[PDB]
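Other chains of the complex are left out, but the ones given are in their true place.
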């Protein structure tokens, strides 16, 4: 069936950068959109960035200018570059795919969620 | 020449409940869908069977816009093949749908610390809805189908209320949805792109 596998998470220090990968497995459709979500303990799952099927990215206002995400056409992989990190960016990050043509920064529209790679920012 | 009156629907001050959703016909204007997808005013912008980017290079006879309001966890039911109370009894989309769905959070205008119960949705009906069917009746539901008034037994009201407070997550928060339908069969087309 469908499988999403996040990778690239780890312990980092403030001011640094990170790259996260997640791969799509069982997609019988063609132009599905892909997005990045983060979930802190005891908080609501925030929409970080969402790249449509056509490759265009959309970011939340809290990470604009700080985060950069993109997709690979050949490989079923979504990437998210996380520059200028902070300590509030500590969260469990998820990739999710949605079966439409546009964008959605909302957690409730996807139907297919990943497993979640932990990102920690300490000192 | 003239521009499509979109902001009248998006900057509209008042939105109806889902069961009593309203539709505005768009005709004789130039719709630039590129500016909409490029705008962050909508947090959710899902297009089914077509990309919004190519709408800018397309003509149509008339465009229909269904405006209504549901909570977050129930926006997922505004989609083809989706089941649930909102899709079954309030707003059903056809599986061969070709269009776009727009939504955005409005807790600032539709949530109060006391609770905004003015927004109602239907949770009981005798049979599910056809695509684009609209039942604004408020008759007490009965299992046998025979009309009953008495709130004494086995007779229930068809509408229930959304409780929109400020403390609940975005799953319970009000989102204002605008669904876009199209039409071309009319040999002369009136709603074109740039």
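Some notes on this structure:
As written, the chain order gives the labels A and B, with residue 1 at the start of each chain.
To be clear about the criterion, a contact is a pair of C-beta atoms (placed from the backbone, for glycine too) under 8 Å apart; a residue touches a chain by one contact, two chains touch by 3 or more.
In terms of the labels on screen, the copy numbers for the complete complex are A x4, B x4.
Simple rule for what comes next: only the chains that are shown with their structure count from here on.
Rounded to whole angstrom units, the spacing between the C-alpha centres of subunit A and subunit B is 28. Contacts from subunit A toward subunit B in the complex involve residues 31, 44, 47, 53-54, 58, 61, 98, 100-109, 111. Contacts from subunit B toward subunit A in the complex involve residues 37, 40, 43-53, 72-73, 75-76, 100, 103, 169-171.
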